[PDB]
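Peer 1: Spelled out, the chains give:
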Amino acid sequence: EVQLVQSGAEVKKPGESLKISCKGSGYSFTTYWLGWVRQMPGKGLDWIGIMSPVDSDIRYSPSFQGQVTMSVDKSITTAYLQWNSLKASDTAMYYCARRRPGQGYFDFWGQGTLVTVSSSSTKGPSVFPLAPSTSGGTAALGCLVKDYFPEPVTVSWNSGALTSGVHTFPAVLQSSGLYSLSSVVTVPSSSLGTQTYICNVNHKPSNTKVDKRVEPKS
Amino acid sequence: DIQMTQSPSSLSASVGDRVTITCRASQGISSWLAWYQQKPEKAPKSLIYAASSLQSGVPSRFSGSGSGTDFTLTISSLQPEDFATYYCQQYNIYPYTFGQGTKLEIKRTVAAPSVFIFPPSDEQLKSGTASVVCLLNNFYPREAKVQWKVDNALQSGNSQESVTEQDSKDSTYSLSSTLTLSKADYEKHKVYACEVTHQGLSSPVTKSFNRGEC
Numbered sequence: 001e002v003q004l005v006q007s008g009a010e011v012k013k014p015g016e017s018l019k020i021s022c023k024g025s026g027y028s029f030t031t032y033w034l035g036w037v038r039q040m041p042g043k044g045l046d047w048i049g050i051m052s053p054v055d056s057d058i059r060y061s062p063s064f065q066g067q068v069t070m071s072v073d074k075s076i077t078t079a080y081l082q083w084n085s086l087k088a089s090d091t092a093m094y095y096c097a098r099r100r101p102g103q104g105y106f107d108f109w110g111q112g113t114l115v116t117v118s119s120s121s122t123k124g125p126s127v128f129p130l131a132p133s134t135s136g137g138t139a140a141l142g143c144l145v146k147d148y149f150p151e152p153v154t155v156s157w158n159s160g161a162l163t164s165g166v167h168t169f170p171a172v173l174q175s176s177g178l179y180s181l182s183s184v185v186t187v188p189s190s191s192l193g194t195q196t197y198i199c200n201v202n203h204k205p206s207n208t209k210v211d212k213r214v215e216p217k218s
Numbered sequence: 219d220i221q222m223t224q225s226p227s228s229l230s231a232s233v234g235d236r237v238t239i240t241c242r243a244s245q246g247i248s249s250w251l252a253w254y255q256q257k258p259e260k261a262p263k264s265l266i267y268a269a270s271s272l273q274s275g276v277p278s279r280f281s282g283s284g285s286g287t288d289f290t291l292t293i294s295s296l297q298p299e300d301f302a303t304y305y306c307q308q309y310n311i312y313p314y315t316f317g318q319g320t321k322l323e324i325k326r327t328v329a330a331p332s333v334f335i336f337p338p339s340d341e342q343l344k345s346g347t348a349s350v351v352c353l354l355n356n357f358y359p360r361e362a363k364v365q366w367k368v369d370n371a372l373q374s375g376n377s378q379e380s381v382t383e384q385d386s387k388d389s390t391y392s393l394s395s396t397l398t399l400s401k402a403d404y405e406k407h408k409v410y411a412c413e414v415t416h417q418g419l420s421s422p423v424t425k426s427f428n429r430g431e432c
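Just so you know, the sequences run in chain order Y and V.
Counting in the numbering used here, the first sequence runs from 1 upward without gaps.
Counting in the numbering used here, the second sequence runs from 219 upward without gaps.
Simulated from the structure, these hints should not be mistaken for laboratory data.
All C-beta atoms in this analysis are idealised placements derived from N, C-alpha and C, irrespective of residue type, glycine included.
In silico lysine-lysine, DSBU-like type, Cα no more than 30 angstroms apart, as pairs:
1. V:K401 / Y:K204
2. V:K401 / Y:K209
3. V:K260 / Y:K209
4. Y:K23 / V:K263
5. V:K387 / Y:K212
6. Y:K217 / V:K408
7. V:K260 / Y:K212
8. V:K263 / V:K325
9. V:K344 / Y:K212
10. Y:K217 / V:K344
To list a few chain Y residues with every Cβ distance to chain V over 12 angstroms, as calculated:
11. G26
12. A88
13. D90
Some chain Y residues flagged as far from chain V (calculated, every beta-carbon gap over 12 angstroms):
14. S7
15. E16
16. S17
17. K19
18. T30
19. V54
20. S75
21. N84
22. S135
23. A161
24. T196
25. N200
26. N207
27. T208
Build the full structure now, drawing on both the sequences and the hints.
Peer 2: Below, the structure is given as structure tokens:
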């Protein structure tokens, strides 16, 4: 019931300003303190700070003191984290979390807001089909998601109906500065021709939403 | 601020083992320590607080002892879903601080890779590029060798490779080796093959195709 829902991934150029949000529900908003934690790609967790919803009280760590700005909107039970001028070093995942009263650790966590600050132009991916292969056995098929920037991209199969056996690999950064990844599934060869498989690619930053139908060859 | 130093930085353990991560504070922090679990692609989950108390909702197999300056998190019967990196946190003095976390991976029996190869798509070729990807599915351990041959000639650094995180259910890996060319260079050569070597294999298995053959 306790939920912390955060705004979507942001893509910004250095010098720009940014405001990401966190919406609390399923509990008394004013009774609990809210905090933020940054996590740069591949690295650990950094306590940004903590704040009261009811009044002024705020508590930043040293590294973040006067580098970011926390605030709250009691009327829509939402909290915020805010920069006046982003740097490329700011790109990272940012979690908001609720502080348990009478303690200092974080009760529940938001799902996080990916924040990417860069000068490189946003580029929408192109999606190609990886087609499979008396008969019967295991067949592999997938989708090649080429040349996009920045991360992330998203791949569901049959609109989420196909889950198990699906592998979306970590994106690889090519010399072109663009990203490429592949998503694949293994299925009984029996289904080839009877069931129909579609991968659903979504690269938010470039409003790219592609449904590609992967059917056997010839 | 108080520095939290966990150890090891990473460890591997078989299912059903007991595992023990430690966490030490540069200054006395009483019992104001918490442990978090973070699984890949997920936000952190709270396991333990005040050194030893289990969070409402987390399995009894997690526990945490220690007081003052040295603390330890224990998992009695390790399970596959427990693949994750764990962070401790002090809240005895502002600013609150985490450790660097420690990666826990699952150790299991050997499993051979299932190999697939996909030629370049017809559509892609119209865009002036050709990517041929080789799939290694569900293998253990992680150490695998892919080799690309074209017209039987060995390739050197013409393919980028990517691998998944241990599977939350079978502790298994999968990796994609992508050999990328231009439609130009692609047309010139005939036979494309990737040769996979792995501990689970008695001998190197290789999947190959001949260009433009329905």
